[PDB]
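Residues per chain are reported as follows:
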Amino acid sequence: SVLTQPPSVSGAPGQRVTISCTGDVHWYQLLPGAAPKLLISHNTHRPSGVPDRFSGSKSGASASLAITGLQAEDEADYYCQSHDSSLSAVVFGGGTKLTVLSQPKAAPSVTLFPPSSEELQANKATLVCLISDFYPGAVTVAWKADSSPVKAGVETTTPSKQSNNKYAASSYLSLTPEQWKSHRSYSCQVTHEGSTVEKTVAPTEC
Amino acid sequence: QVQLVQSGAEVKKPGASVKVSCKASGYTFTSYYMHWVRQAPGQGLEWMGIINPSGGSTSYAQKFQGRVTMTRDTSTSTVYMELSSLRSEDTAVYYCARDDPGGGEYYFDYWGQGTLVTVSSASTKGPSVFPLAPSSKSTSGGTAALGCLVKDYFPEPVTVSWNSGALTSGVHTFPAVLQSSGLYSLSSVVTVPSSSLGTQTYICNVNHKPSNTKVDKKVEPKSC
Ligand SMILES: [Ca+2]
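These protein sequence lines are chains L and H, in that order. Numbered according to the deposited numbering, the first sequence spans residues 2 to 24, 34 to 216. Numbered according to the deposited numbering, the second sequence spans residues 1 to 224.
Treat each hint with caution, since some may be false.
[Unchecked claim] Computed footprint of chain L on chain H, listed as stretches where at least three residues anywhere in the stretch have a Cβ under 8 angstroms from a Cβ of chain L: (1) 129-135; (2) 145-155; (3) 177-191; (4) 201-214.
[To be verified] Here are the simulated SDA-like pairs of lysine to any residue, each with C-alpha atoms no more than 20 angstroms apart in a straight line: (5) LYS161/L with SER180/H; (6) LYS19/H with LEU86/H; (7) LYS134/L with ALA176/H; (8) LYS154/L with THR210/L.
[Unchecked claim] Between beta-carbon pairs, the in silico distance windows are: (9) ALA132/L with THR30/H: 52 to 60 angstroms; (10) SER173/L with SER180/H: 47 to 55 angstroms; (11) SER180/H with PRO42/L: 22 to 30 angstroms; (12) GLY104/H with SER9/L: 27 to 35 angstroms; (13) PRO157/H with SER127/L: 25 to 33 angstroms; (14) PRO187/L with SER59/H: 47 to 55 angstroms; (15) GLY204/L with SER88/H: 28 to 36 angstroms.
Treat the hints as calculated values from the structure; they're not laboratory data. Yeah, the Cβ is synthetic: ideal placement off N, Cα and C, and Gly gets one too.
Taking the hints into account, I'd like the entire structure generated from these sequences.
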């Protein structure tokens, strides 16, 4: 009825990685700018055209997609899929993003922008947290009003590749002009590979 | 060749309906089942249902029961998917996907290119272009980050350049977010030398063609 796969798996070039799907299981590769493609069907069958570095297996309720001699080009979303005959329905796993670690760790630089004078004239305020020059391309963003977590008015982009091949991300906190003046300070907290980088901004004082 | 061509991107108000087409060529149309599968921007693949083009019988997924209608036209080799009473959670790329009837096991061999359906209360609206005043990126490295917030626009897309295309080094323009208001917002940032602030002028050129909005916004350094 439900297929469970981890949201994130990583490995270095030339190494072997596995992606587990726990519930016949079919595997699809999703590369950007292309249709989903079948890599493995019926647990173990590799269709003609699929490189031999991909293989599938199943023991009990646990299906596994393996990639040997991992390539940077294998970076993609991988989806497991079943036919639930009791409900006569197709069931998908949540997807696994495969990261291929092709350069060393680089910590993000975080820059927090206050709302502009122009936005405040329009009776609005947005805080912009710019996150740049990080690898790998995964961060968690948490916003703070003084010390307390902000649970609403937050929009965050999925990391995008910069022209230098490191990653960037952006986060936005929407608030009222009074809220910007009510609190002493607001904070953007960024978590990357266990490490936290925090920046704070306050209304300009002259 | 086997080819599946889907209809163009669509913009819809909540409560409305959408009809997406899937034109099949290069095989005997009635001999293969057609599925529909969606993917929301922040989610995985989601099965919607199946149609057998020979006879037109359908089986839909539980969550779309009473909301989705699948039809086919044999003479044009086209499969249709209609989704009614649309909500913001229906914002997704919709795929048609072919399935070989041999075996009984549902799995997909050939897909359409996908159709983006955006469900939003918003009508056409130009962005406000707010400056993101230069702030220290690295004081040792002597870099500053500055940008423009391209806020509250509909629909996609928007174009951003810097200094009319003269500045490309250290420019990063982010993908848009679709906010809870149903309006898009994006940012464009530039990493510049700190020493260029106050001598070199920085202007973001914002173009939103659907709303005839062209804005050239100078990003001035912070000063009391
Ligand atoms: Ca089949």
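**Prompt:** Can you name, in rising order, the numbers of the hints this structure does not satisfy?
**Reply:** Violated hints: 4, 10; rest satisfied.
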